[PDB]
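Participant: Residues per chain, in single letters:
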Amino acid sequence: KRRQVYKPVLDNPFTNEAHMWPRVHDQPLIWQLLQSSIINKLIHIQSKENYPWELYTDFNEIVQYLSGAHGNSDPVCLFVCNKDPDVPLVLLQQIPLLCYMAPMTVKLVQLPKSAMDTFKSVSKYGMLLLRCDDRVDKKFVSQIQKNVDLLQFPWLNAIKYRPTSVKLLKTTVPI
Amino acid sequence: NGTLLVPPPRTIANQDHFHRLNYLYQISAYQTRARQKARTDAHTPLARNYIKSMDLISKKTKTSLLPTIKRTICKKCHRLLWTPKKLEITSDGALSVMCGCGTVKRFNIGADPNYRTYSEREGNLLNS
Amino acid sequence: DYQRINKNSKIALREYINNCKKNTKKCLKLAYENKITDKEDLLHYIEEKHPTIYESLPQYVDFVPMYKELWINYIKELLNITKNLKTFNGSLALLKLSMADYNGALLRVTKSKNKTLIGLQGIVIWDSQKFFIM
RNA sequence: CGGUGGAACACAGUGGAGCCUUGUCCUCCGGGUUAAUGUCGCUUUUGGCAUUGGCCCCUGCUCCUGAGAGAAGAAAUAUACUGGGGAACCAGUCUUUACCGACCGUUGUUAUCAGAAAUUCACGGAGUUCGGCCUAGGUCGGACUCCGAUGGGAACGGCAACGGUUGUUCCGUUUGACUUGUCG
Ligand SMILES: [Zn+2]
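Residue numbers (UniProt numbering), protein chains in the order written: chain A, 14 to 188; chain B, 17 to 144; chain C, 77 to 210.
Please note that the accuracy of each hint is not assured.
Calculated cross-link-like contacts (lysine-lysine; reagent style DSSO-like; alpha-carbon spacing at most 27 Å) [to be verified]: (1) 20(A) to 78(B); (2) 159(C) to 172(C); (3) 68(B) to 172(C); (4) 68(B) to 20(A); (5) 173(A) to 78(B); (6) 76(B) to 206(C); (7) 75(B) to 180(A); (8) 75(B) to 86(C); (9) 180(A) to 86(B); (10) 20(A) to 152(C); (11) 183(A) to 91(B).
Everything labelled a hint here was simulated from the structure, so no lab data went into it.
Working from the sequences, and respecting the hints, build out all of it.
Facilitator: Next up, the structure:
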């Protein structure tokens with residue numbers, strides 16, 4: 014006979030607050046320009062995808078770019094899709110973490126729509142890192158990023174004790 | 017299949033042990049972050065010690081942790097991986113995370129998506 | 077070099093607590109060479125004239141808020157010390173203190189067999205078996 | 001707590017009986033040199049492989065026993081490995097003029113969940129090599145290597161029992177002095 018027992022397991026008490034993805038609103042005004050630009054890149058030539066706009070869409074290149082090899086470009090922007098199925102969670106629990114230790118001004122934007130499976134199924138993996146140094150795109154990227162799309166850290170900024178979190182999991186026991 | 021019994025009388029000794037484990041994890045993480053934000057690796061063999069003692073308490077009470085904690089800490093030297101060495105992907109395998117000591121913690125990520133751990137599934141977990 | 081130190085965390089902790097004592101002795105020698113009794117001028121003197129010696133020096137001014145607030149708040153949560161004090165239970169509280177760890181505690185030597193050990197306050201960085209480190 | 005005064009230097013202290021695998025002058029594995037043979041490439045000849053024969057490879061010290069303490073420069077900084085001790089160091093596995101190394105085998109266990117899997121069952125992916133169909137190199141089978149989110153774990157790792165050592169097992173004393181009794 015099977016009996017269900019609830020076992021107490023210690024939780025990471027700040028992983029919910031460390032994965033508080035930033036507040037994004039009025040987002041369908043942004044995907045139009047972003048998707049139009051990405052498609053206009055992806056149409057002509059795979060070298061002409063990366064000649065006018067320098068973007069990296071492979072996570073090894075994201076780590077090697079944020080390691081400290083290129084330090085000239087200080088405003089660098091990132092776009093990562095959450096709330097989307099068929100997306101790996103091991104990378105997703107480490108993308109907002111690795112950008113925090115980067116000395117460059119890296120601006121993560123979390124895309125909140127669940128139906129946006131296009132950018133993952135089309136380009137590479139569903140993430141986009143590019144540079145706003147002298148491009149035209151920054152002329153609107155600096156417009157909206159102060160409005161709603163602010164990214165700041167409250168969790169490491171001040172000194173605060175954190176309450177413990179002990180959850181409990183299900184376990185079957187056959188006798 | 018069986019009997020459905022859901023007890024919310026948490027036991028006092030288990031709460032004491034998990035508060036001890038969580039306090040050791042918090043003080044080790046805050047030592048590591050307060051040292052890492054300011055300057056170079058000053059007392060990085062110190063905070064690791066706490067984690068090691070933490071894992072030894074996990075030997076005594078025979079309790080289990082979420083895979084977030086064991087994914088954060090190491091396996092051999094038992095150090096925090098908040099500042100790892102290198103992260104590589106699609107290098108003819110799945111994934112690799114290198115450390116300073118040389119012990120790596122890799123994950124089979126190139127097989128298929130939508131794979132969750134047993135504590136991260138929809139209904140298997142009840143908070144507090 | 078760095079890999080051979082942290083092969084065992086205990087031996088690296090021993091090397092760290094030896095290096096802190098050696099750096100403190102070198103700090104006393106450079107402080108007598110400085111001939112300035114003020115410690116706030118002494119730290120800036122070491123920052124100006126001895127960069128590699130300053131790297132392993134402890135920071136007690138940093139050490140107090142990073143430890144005391146977390147320790148006091150953990151004891152206020154664990155021993156159920158709230159605004160209502162008239163529902164306290166001492167025996168279970170002493171049992172919890174027997175079950176709680178002392179790593180990170182402020183503790184004071186009030187009585188000792190040695191007359192020189194008394195009067196020392198300090199915060200735990202590591203608990204040993206039969207000695208104590210503050 | 002252990003051993004000696006019973007064993008005479010292993011003469012297993014000696015004798016007898018029973019059984020069998022009938023007590024094999026045997027074999028450590030392993031590594032080096034030399035000689036002979038056969039194959040494959042360079043062509044006085046040399047190199048690689050396999051077999052056979054010969055040699056070489058370590059009683060750390062005292063003591064009958066029990067036990068005691070010395071040092072780990074033939075690869076390290078902490079002086080072989082592992083854990084702790086505040087440090088001389090302690091415990092366990094080991095070796096010691098080792099100018100080569102050597103953690104013996106079998107059985108069971110590591111409950112429940114988790115995970116593909118709790119013992120080199122199996123399964124999934126990648127790379128290499130070989131064979132068949134076949135020839136823009138597609139597929140199939142066999143072998144090796146690496147990895148797979150979990151759990152203290154995947155490490156022939158930890159725990160417990162049993163010796164092949166010079167065949168096993170059983171039985172008996174080599175331990176006495178006076179007093180008394182019997183027998184020659
Ligand atoms: Zn590590």
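Participant: Tell me if the straight-line CA distance from residue 20(A) to residue 78(B) falls inside 27 Å.
Facilitator: OK: residue 20(A) and residue 78(B) at ~12 Å, within 27 Å.
Participant: Do the alpha carbons of residue 76(B) and residue 206(C) lie within 27 Å of each other, as the hint requires?
Facilitator: holds, 20 Å
Participant: When you check the alpha-carbon spacing of residue 159(C) and residue 172(C), does it fall within 27 Å?
Facilitator: holds, 19 Å
Participant: Need the status of pair residue 183(A), residue 91(B): alpha-carbon distance at most 27 Å?
Facilitator: Holds, because 25 Å separates the two Cα atoms, which is no more than 27 Å.
Participant: Keeping to a limit of 27 Å between CA atoms, is the pair of residue 180(A) and residue 86(B) held or broken?
Facilitator: holds, 16 Å
Participant: When you check the alpha-carbon spacing of residue 173(A) and residue 78(B), does it fall within 27 Å?
Facilitator: It is violated: about 30 Å lies between the C-alpha atoms, which goes past 27 Å.
Participant: Can the restraint linking residue 75(B) and residue 86(C) be considered satisfied, given a maximum Cα separation of 27 Å?
Facilitator: holds, 18 Å
Participant: Is residue 68(B) close enough to residue 20(A), meaning Cα to Cα at most 27 Å?
Facilitator: Within the cut-off at roughly 23 Å; holds.
Participant: What's the verdict on residue 75(B) and residue 180(A), does the C-alpha distance respect the 27 Å limit or exceed it?
Facilitator: holds, 19 Å
Participant: For residue 68(B) and residue 172(C), compute the direct alpha-carbon distance and say whether it is at most 27 Å.
Facilitator: holds, 22 Å
Participant: Can you confirm whether the C-alpha distance between residue 20(A) and residue 152(C) stays at or below 27 Å?
Facilitator: Distance of about 26 Å is within 27 Å: holds.
The structure is inconsistent with hint 5 alone, although it conforms to all the rest.
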